[PDB]
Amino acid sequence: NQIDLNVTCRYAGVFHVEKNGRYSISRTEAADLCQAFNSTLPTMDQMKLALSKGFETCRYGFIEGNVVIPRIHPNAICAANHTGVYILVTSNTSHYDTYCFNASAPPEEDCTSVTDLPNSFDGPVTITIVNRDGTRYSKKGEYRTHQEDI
(Lines of atoms letter the chains of each structure in order from A and count residues from 1; the text may use other names and numbers.)
(Lines give C-alpha, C1' and ligand atoms only; values in the text may rest on other atoms or scores of the structure.)
Protein backbone atom coordinates (compact mmCIF):
# COMPACT_ATOMS: atom_id res chain seq x y z
CA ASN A 1 0.00 0.00 0.00
CA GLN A 2 2.33 2.69 -1.32
CA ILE A 3 2.11 6.03 -3.11
CA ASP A 4 5.10 7.81 -4.63
CA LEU A 5 4.79 11.60 -4.96
CA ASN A 6 7.49 13.06 -7.17
CA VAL A 7 7.92 16.74 -6.33
CA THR A 8 9.88 19.62 -7.80
CA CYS A 9 11.61 22.86 -6.70
CA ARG A 10 9.20 25.51 -5.58
CA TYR A 11 8.98 28.73 -7.60
CA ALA A 12 7.24 31.49 -5.74
CA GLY A 13 5.71 28.66 -3.66
CA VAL A 14 4.44 26.71 -6.67
CA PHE A 15 5.52 23.14 -7.27
CA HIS A 16 4.56 20.10 -9.32
CA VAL A 17 3.51 16.74 -7.92
CA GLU A 18 3.31 13.59 -10.00
CA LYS A 19 1.70 10.53 -8.41
CA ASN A 20 3.15 7.06 -9.16
CA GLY A 21 4.93 8.22 -12.30
CA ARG A 22 1.66 8.48 -14.23
CA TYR A 23 -1.18 11.00 -14.80
CA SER A 24 -3.30 9.65 -11.99
CA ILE A 25 -4.71 12.45 -9.88
CA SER A 26 -8.36 13.64 -10.06
CA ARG A 27 -9.31 17.28 -9.35
CA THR A 28 -10.71 16.32 -5.93
CA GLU A 29 -7.60 14.30 -5.11
CA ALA A 30 -5.38 17.20 -6.17
CA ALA A 31 -6.96 19.61 -3.67
CA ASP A 32 -6.56 17.00 -0.88
CA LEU A 33 -2.99 16.29 -1.96
CA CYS A 34 -2.03 19.97 -1.86
CA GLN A 35 -3.80 20.27 1.52
CA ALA A 36 -1.48 17.53 2.86
CA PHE A 37 1.47 19.84 1.92
CA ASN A 38 -0.34 22.79 3.72
CA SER A 39 -0.81 24.05 0.18
CA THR A 40 -3.57 24.84 -2.21
CA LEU A 41 -4.14 24.53 -5.95
CA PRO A 42 -2.33 27.55 -7.41
CA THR A 43 -4.30 30.37 -8.91
CA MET A 44 -3.51 31.28 -12.54
CA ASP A 45 -1.79 34.44 -11.15
CA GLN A 46 0.33 32.41 -8.72
CA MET A 47 1.33 30.04 -11.54
CA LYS A 48 2.25 32.96 -13.84
CA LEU A 49 4.52 34.45 -11.17
CA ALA A 50 6.10 31.00 -10.54
CA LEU A 51 6.76 30.77 -14.32
CA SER A 52 8.41 34.23 -14.30
CA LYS A 53 10.80 32.93 -11.56
CA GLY A 54 11.95 29.93 -13.63
CA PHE A 55 9.22 27.30 -13.30
CA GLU A 56 8.47 25.03 -16.20
CA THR A 57 7.41 21.41 -16.55
CA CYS A 58 6.46 19.12 -19.41
CA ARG A 59 3.37 17.71 -17.61
CA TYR A 60 -0.29 18.62 -17.41
CA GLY A 61 -1.40 19.40 -13.89
CA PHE A 62 -4.28 21.01 -12.06
CA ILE A 63 -4.32 24.57 -10.92
CA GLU A 64 -7.49 26.31 -9.68
CA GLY A 65 -9.94 26.25 -12.60
CA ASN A 66 -7.73 24.69 -15.22
CA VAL A 67 -5.21 22.03 -16.25
CA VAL A 68 -1.98 23.64 -17.41
CA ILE A 69 1.68 23.28 -18.30
CA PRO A 70 3.97 26.21 -17.39
CA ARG A 71 6.50 26.69 -20.23
CA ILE A 72 9.51 28.89 -20.52
CA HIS A 73 11.29 27.28 -23.52
CA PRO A 74 9.37 26.24 -26.61
CA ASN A 75 9.59 22.46 -26.96
CA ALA A 76 7.53 20.68 -29.65
CA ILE A 77 6.61 17.79 -27.32
CA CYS A 78 5.67 20.03 -24.32
CA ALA A 79 2.45 22.01 -24.55
CA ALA A 80 2.68 21.94 -28.38
CA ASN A 81 5.72 24.32 -28.51
CA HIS A 82 3.93 27.07 -26.56
CA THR A 83 5.48 29.31 -23.90
CA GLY A 84 3.72 30.84 -20.89
CA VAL A 85 1.13 29.00 -18.86
CA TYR A 86 -0.34 26.70 -21.48
CA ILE A 87 -3.93 25.82 -20.80
CA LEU A 88 -5.26 22.38 -21.79
CA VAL A 89 -8.40 23.02 -23.87
CA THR A 90 -9.55 19.67 -25.18
CA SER A 91 -9.15 16.33 -23.55
CA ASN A 92 -11.34 13.27 -23.11
CA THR A 93 -9.87 12.43 -19.72
CA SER A 94 -9.88 13.65 -16.13
CA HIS A 95 -6.65 12.54 -14.46
CA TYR A 96 -3.48 14.57 -14.53
CA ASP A 97 -0.61 15.54 -12.18
CA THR A 98 -1.13 18.55 -9.89
CA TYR A 99 0.49 21.78 -9.03
CA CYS A 100 0.42 23.00 -5.43
CA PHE A 101 1.10 26.41 -3.89
CA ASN A 102 2.74 26.83 -0.48
CA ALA A 103 2.40 30.46 0.63
CA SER A 104 5.18 29.98 3.26
CA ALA A 105 7.76 28.85 0.70
CA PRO A 106 10.51 31.26 -0.41
CA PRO A 107 9.54 33.99 -2.88
CA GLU A 108 11.73 32.92 -5.80
CA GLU A 109 13.45 29.61 -6.75
CA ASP A 110 13.64 27.12 -3.94
CA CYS A 111 15.39 24.01 -5.20
CA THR A 112 15.95 22.51 -1.77
CA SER A 113 14.31 19.12 -1.32
CA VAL A 114 10.92 18.44 0.29
CA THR A 115 11.42 16.68 3.65
CA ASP A 116 7.89 16.46 5.08
CA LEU A 117 4.19 15.93 4.26
CA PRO A 118 3.06 18.06 7.18
CA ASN A 119 -0.68 17.83 6.93
CA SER A 120 -1.41 14.27 5.91
CA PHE A 121 -3.78 12.44 8.28
CA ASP A 122 -3.90 8.99 9.90
CA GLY A 123 -4.03 6.20 7.38
CA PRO A 124 -2.51 2.98 6.12
CA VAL A 125 -0.54 4.13 3.07
CA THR A 126 3.24 4.47 2.97
CA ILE A 127 3.51 7.80 1.16
CA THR A 128 6.92 8.60 -0.19
CA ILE A 129 7.92 12.03 -1.33
CA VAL A 130 10.49 11.61 -4.05
CA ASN A 131 12.60 14.58 -4.86
CA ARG A 132 14.25 15.20 -8.22
CA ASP A 133 17.64 14.48 -6.61
CA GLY A 134 16.36 11.09 -5.43
CA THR A 135 16.13 11.98 -1.76
CA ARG A 136 13.07 10.58 -0.09
CA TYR A 137 10.78 11.20 2.84
CA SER A 138 8.28 8.50 3.77
CA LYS A 139 5.44 8.42 6.22
CA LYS A 140 2.46 6.24 6.95
CA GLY A 141 -0.78 8.14 6.39
CA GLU A 142 -3.47 9.19 4.00
CA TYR A 143 -4.44 12.44 2.24
CA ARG A 144 -7.47 11.29 0.08
CA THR A 145 -10.76 12.37 1.61
CA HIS A 146 -12.96 11.19 -1.30
CA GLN A 147 -13.47 7.40 -1.43
CA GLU A 148 -13.66 7.36 -5.26
CA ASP A 149 -10.02 8.65 -5.40
CA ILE A 150 -8.82 5.62 -3.30
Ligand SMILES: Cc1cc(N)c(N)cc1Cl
Contents of the next structure:
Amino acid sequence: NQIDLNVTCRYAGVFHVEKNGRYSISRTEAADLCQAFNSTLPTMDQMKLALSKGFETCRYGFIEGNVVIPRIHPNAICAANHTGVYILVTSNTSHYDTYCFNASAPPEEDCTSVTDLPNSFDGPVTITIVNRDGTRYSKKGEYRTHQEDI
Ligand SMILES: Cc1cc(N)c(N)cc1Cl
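Given the form deposited without the ligand above, produce the structure of the same protein in the form deposited with the ligand bound.
Now the complete complex, all chains and molecules, led by this one.
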Protein backbone atom coordinates (compact mmCIF):
# COMPACT_ATOMS: atom_id res chain seq x y z
CA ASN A 1 0.00 0.00 0.00
CA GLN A 2 2.38 2.63 -1.36
CA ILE A 3 2.22 5.65 -3.65
CA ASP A 4 5.34 7.47 -4.88
CA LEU A 5 5.04 11.05 -6.11
CA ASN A 6 7.93 12.47 -8.12
CA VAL A 7 7.87 16.26 -7.93
CA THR A 8 9.73 19.08 -9.67
CA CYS A 9 11.00 22.55 -8.90
CA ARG A 10 8.26 25.16 -8.69
CA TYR A 11 8.13 28.04 -11.18
CA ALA A 12 5.79 30.84 -10.17
CA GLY A 13 4.14 28.24 -7.92
CA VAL A 14 3.60 25.64 -10.66
CA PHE A 15 5.11 22.18 -10.47
CA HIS A 16 4.77 18.72 -12.03
CA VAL A 17 3.79 15.53 -10.20
CA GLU A 18 4.17 12.01 -11.59
CA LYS A 19 2.60 9.10 -9.70
CA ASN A 20 4.31 5.73 -9.50
CA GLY A 21 6.67 6.39 -12.34
CA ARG A 22 4.10 6.23 -15.14
CA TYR A 23 1.08 8.08 -16.55
CA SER A 24 -1.47 7.06 -13.97
CA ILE A 25 -3.56 9.99 -12.73
CA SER A 26 -7.20 10.67 -13.67
CA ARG A 27 -8.57 14.22 -13.75
CA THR A 28 -10.40 13.67 -10.43
CA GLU A 29 -7.35 12.17 -8.78
CA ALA A 30 -5.28 15.08 -10.08
CA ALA A 31 -7.45 17.63 -8.36
CA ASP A 32 -7.32 15.63 -5.11
CA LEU A 33 -3.57 15.24 -5.34
CA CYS A 34 -3.00 18.95 -5.79
CA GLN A 35 -5.35 19.52 -2.82
CA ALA A 36 -2.98 17.42 -0.67
CA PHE A 37 -0.17 19.87 -1.59
CA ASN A 38 -2.41 22.84 -0.62
CA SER A 39 -2.49 23.48 -4.35
CA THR A 40 -4.92 23.61 -7.28
CA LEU A 41 -4.79 22.64 -10.92
CA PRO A 42 -3.09 25.60 -12.65
CA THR A 43 -5.00 27.83 -14.98
CA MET A 44 -3.63 28.28 -18.48
CA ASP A 45 -2.45 31.78 -17.52
CA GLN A 46 -0.66 30.48 -14.42
CA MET A 47 1.05 27.86 -16.57
CA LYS A 48 2.09 30.43 -19.17
CA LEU A 49 3.72 32.56 -16.44
CA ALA A 50 5.51 29.49 -15.06
CA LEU A 51 6.76 28.74 -18.61
CA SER A 52 8.11 32.28 -18.83
CA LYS A 53 10.11 31.77 -15.61
CA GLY A 54 11.85 28.65 -16.89
CA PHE A 55 9.39 25.74 -16.49
CA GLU A 56 9.46 22.90 -19.00
CA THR A 57 8.79 19.17 -18.87
CA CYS A 58 8.55 16.30 -21.31
CA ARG A 59 5.33 14.89 -19.85
CA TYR A 60 1.61 15.38 -20.41
CA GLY A 61 -0.26 16.61 -17.38
CA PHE A 62 -3.56 18.11 -16.33
CA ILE A 63 -4.14 21.77 -15.86
CA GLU A 64 -7.61 23.30 -15.42
CA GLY A 65 -9.38 22.49 -18.64
CA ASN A 66 -6.66 20.80 -20.70
CA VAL A 67 -3.76 18.40 -20.74
CA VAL A 68 -0.47 20.11 -21.62
CA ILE A 69 3.30 20.05 -21.86
CA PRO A 70 5.20 23.32 -21.18
CA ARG A 71 8.15 23.58 -23.58
CA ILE A 72 10.95 26.11 -23.76
CA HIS A 73 13.50 24.31 -25.98
CA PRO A 74 12.35 22.48 -29.11
CA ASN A 75 12.91 18.72 -28.76
CA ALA A 76 11.64 16.27 -31.37
CA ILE A 77 10.55 13.71 -28.73
CA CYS A 78 8.78 16.25 -26.42
CA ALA A 79 5.50 17.68 -27.72
CA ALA A 80 6.50 17.05 -31.36
CA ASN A 81 9.19 19.76 -31.28
CA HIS A 82 6.82 22.56 -30.23
CA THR A 83 7.53 25.42 -27.84
CA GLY A 84 5.07 27.20 -25.54
CA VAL A 85 2.34 25.52 -23.57
CA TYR A 86 1.60 22.64 -25.93
CA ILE A 87 -1.99 21.48 -25.69
CA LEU A 88 -2.92 17.85 -26.23
CA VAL A 89 -5.64 17.73 -28.86
CA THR A 90 -6.32 14.11 -29.70
CA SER A 91 -5.91 11.11 -27.42
CA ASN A 92 -7.87 7.93 -26.76
CA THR A 93 -6.91 7.74 -23.09
CA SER A 94 -7.64 9.49 -19.82
CA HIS A 95 -4.66 9.11 -17.46
CA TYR A 96 -1.75 11.54 -17.36
CA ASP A 97 0.56 13.20 -14.85
CA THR A 98 -0.60 16.41 -13.20
CA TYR A 99 0.53 19.97 -12.72
CA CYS A 100 -0.28 21.78 -9.46
CA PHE A 101 -0.16 25.42 -8.40
CA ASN A 102 0.74 26.59 -4.90
CA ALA A 103 0.06 30.29 -4.39
CA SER A 104 2.43 30.43 -1.39
CA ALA A 105 5.47 29.35 -3.36
CA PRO A 106 8.13 31.89 -4.45
CA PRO A 107 7.37 34.04 -7.53
CA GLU A 108 10.13 32.71 -9.81
CA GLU A 109 12.19 29.50 -9.85
CA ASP A 110 12.24 27.50 -6.62
CA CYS A 111 14.43 24.44 -6.98
CA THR A 112 14.48 23.55 -3.31
CA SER A 113 13.10 20.16 -2.39
CA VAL A 114 9.54 19.40 -1.27
CA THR A 115 9.65 18.13 2.31
CA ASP A 116 5.98 17.85 3.33
CA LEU A 117 2.55 16.84 2.10
CA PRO A 118 0.64 19.30 4.24
CA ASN A 119 -2.95 18.55 3.48
CA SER A 120 -3.05 14.75 3.21
CA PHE A 121 -5.80 13.10 5.24
CA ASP A 122 -5.74 10.13 7.58
CA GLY A 123 -5.34 6.85 5.78
CA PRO A 124 -3.45 3.62 5.26
CA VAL A 125 -1.15 4.44 2.30
CA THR A 126 2.57 5.10 2.64
CA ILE A 127 2.97 8.17 0.43
CA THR A 128 6.52 9.11 -0.54
CA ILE A 129 7.50 12.40 -2.10
CA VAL A 130 10.54 11.90 -4.31
CA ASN A 131 12.51 14.97 -5.35
CA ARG A 132 14.63 15.16 -8.48
CA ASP A 133 17.81 15.13 -6.28
CA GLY A 134 16.59 11.91 -4.68
CA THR A 135 15.63 13.32 -1.32
CA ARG A 136 12.49 11.71 0.06
CA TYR A 137 9.73 12.51 2.56
CA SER A 138 7.25 9.84 3.61
CA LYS A 139 4.01 9.78 5.57
CA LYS A 140 1.04 7.53 6.07
CA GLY A 141 -2.20 8.92 4.71
CA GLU A 142 -4.62 9.25 1.80
CA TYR A 143 -5.57 12.00 -0.65
CA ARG A 144 -8.12 10.33 -3.01
CA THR A 145 -11.75 11.28 -2.38
CA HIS A 146 -13.31 9.40 -5.33
CA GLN A 147 -14.00 5.67 -5.02
CA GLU A 148 -13.31 5.07 -8.73
CA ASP A 149 -9.72 6.28 -8.19
CA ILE A 150 -9.04 3.90 -5.28
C1 LIG B 1 3.57 21.67 -0.75
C2 LIG B 1 4.97 22.02 -0.72
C3 LIG B 1 5.81 21.69 0.37
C4 LIG B 1 7.17 22.05 0.39
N5 LIG B 1 8.00 21.74 1.39
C6 LIG B 1 7.73 22.72 -0.71
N7 LIG B 1 9.05 23.06 -0.69
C8 LIG B 1 6.92 23.04 -1.80
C9 LIG B 1 5.56 22.69 -1.81
CL10 LIG B 1 4.62 23.08 -3.22
